[PDB]
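> As a plain string of letters, each chain reads:
Protein chains: 2
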Amino acid sequence: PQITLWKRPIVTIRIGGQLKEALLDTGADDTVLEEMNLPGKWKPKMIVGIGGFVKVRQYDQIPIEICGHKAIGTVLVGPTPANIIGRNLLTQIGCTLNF
Amino acid sequence: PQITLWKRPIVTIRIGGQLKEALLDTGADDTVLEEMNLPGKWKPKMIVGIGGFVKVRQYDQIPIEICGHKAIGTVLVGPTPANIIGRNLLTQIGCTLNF
Ligand SMILES: CC(C)CN(C[C@@H](O)[C@H](Cc1ccccc1)NC(=O)O[C@H]1CCOC1)S(=O)(=O)c1ccc(N)cc1
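Protein chains in written order, with the entry's author numbering: chain B, 1 to 99; chain A, 1 to 99.
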């Protein structure tokens with residue numbers, strides 16, 4: 001699709017057999033989801049945003065779908081105020097910025 | 001242009017007669033630049049990011065150019081780890097996300 005930017009680029013994603021809303025975020029290297037459960041082993045990671053450093057759990061090889069586009073990727077979980085789809089997945093599904 | 005996302009979508013902007021690099025950030029409602037001096041008067045504002053709330057200065061009607069595209073808009077200045085161009089300007093210059 002083409003996603004315009006006068007409103008937040010919120011889309012529907014699928015993870016862990018559930019549908020959620022997430023922000024398509026070109027300014028995030030990595031994908032971060034608000035607190036939830038994911039299966040198996042996770043490493044702790046540090047990310048930096050505005051406001052400073054946040055400790056999150058990194059899950060590898062997580063099946064996920066973003067507007068009908070399927071992928072398996074790394075997904076960080078922790079205290080973010082918004083589900084965020086970052087460049088690791090945006091590139092995978094072929095997303096570009098155009099003007 | 002078309003800007004791909006396997007690397008950070010960093011572009012050249014012009015503001016206050018200087019060229020700087022900035023992140024095209026679909027996940028930022030607003031444009032925030034690292035500390036700099038800008039003409040005239042400013043209101044304080046609070047923004048939220050992944051690590052919490054940050055106090056910034058809001059300058060209105062700032063002439064700016066983003067990758068060859070000229071505009072006048074709101075620009076916030078504050079302690080951000082990166083120059084970021086948010087949806088206020090991205091929409092103006094006709095940015096979309098496409099996949
Ligand atoms: C600070 C930039 C460079 C990186 N952030 C992405 C930005 O798009 C960030 C996304 C966000 C949306 C909603 C709530 C909180 C954060 N928006 C942001 O700060 O909104 C400010 C900027 C102006 O208006 C408000 S990030 O969240 O810290 C980030 C960093 C690393 C990873 N792996 C994931 C996310």
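One or more hints might be untrue.
Heads up, the list lumps identical chains together, so a pair's fine if it works in one copy or across two of them.
[Claimed, not checked] Cross-link-like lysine-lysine pairs, in silico, DSS-like; alpha carbons within 30 Å at most:
#  : residue 1 : residue 2
1  : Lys41     : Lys7
2  : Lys55     : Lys45
3  : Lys7      : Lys55
4  : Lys41     : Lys70
5  : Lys43     : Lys70
6  : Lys43     : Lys7
7  : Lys20     : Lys41
8  : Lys70     : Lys7
9  : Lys70     : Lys45
10 : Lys20     : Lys7
11 : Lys55     : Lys70
Since the hints were made in silico from the structure, they are not lab data.
> State for each hint whether it applies.
Going through the hints against the structure:
no.	hint	in the structure
1	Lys41 with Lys7	between (36 Å within a copy, 28 Å between copies)
2	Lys55 with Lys45	both (6 Å within a copy, 26 Å between copies)
3	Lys7 with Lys55	both (29 Å within a copy, 23 Å between copies)
4	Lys41 with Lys70	within (22 Å within a copy, 48 Å between copies)
5	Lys43 with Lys70	within (24 Å within a copy, 44 Å between copies)
6	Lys43 with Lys7	between (34 Å within a copy, 24 Å between copies)
7	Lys20 with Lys41	within (22 Å within a copy, 41 Å between copies)
8	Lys70 with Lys7	both (24 Å within a copy, 21 Å between copies)
9	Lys70 with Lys45	within (25 Å within a copy, 39 Å between copies)
10	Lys20 with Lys7	both (18 Å within a copy, 26 Å between copies)
11	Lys55 with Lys70	within (27 Å within a copy, 39 Å between copies)
Violation of the numbered hints given earlier is absent; every hint is satisfied by the structure.
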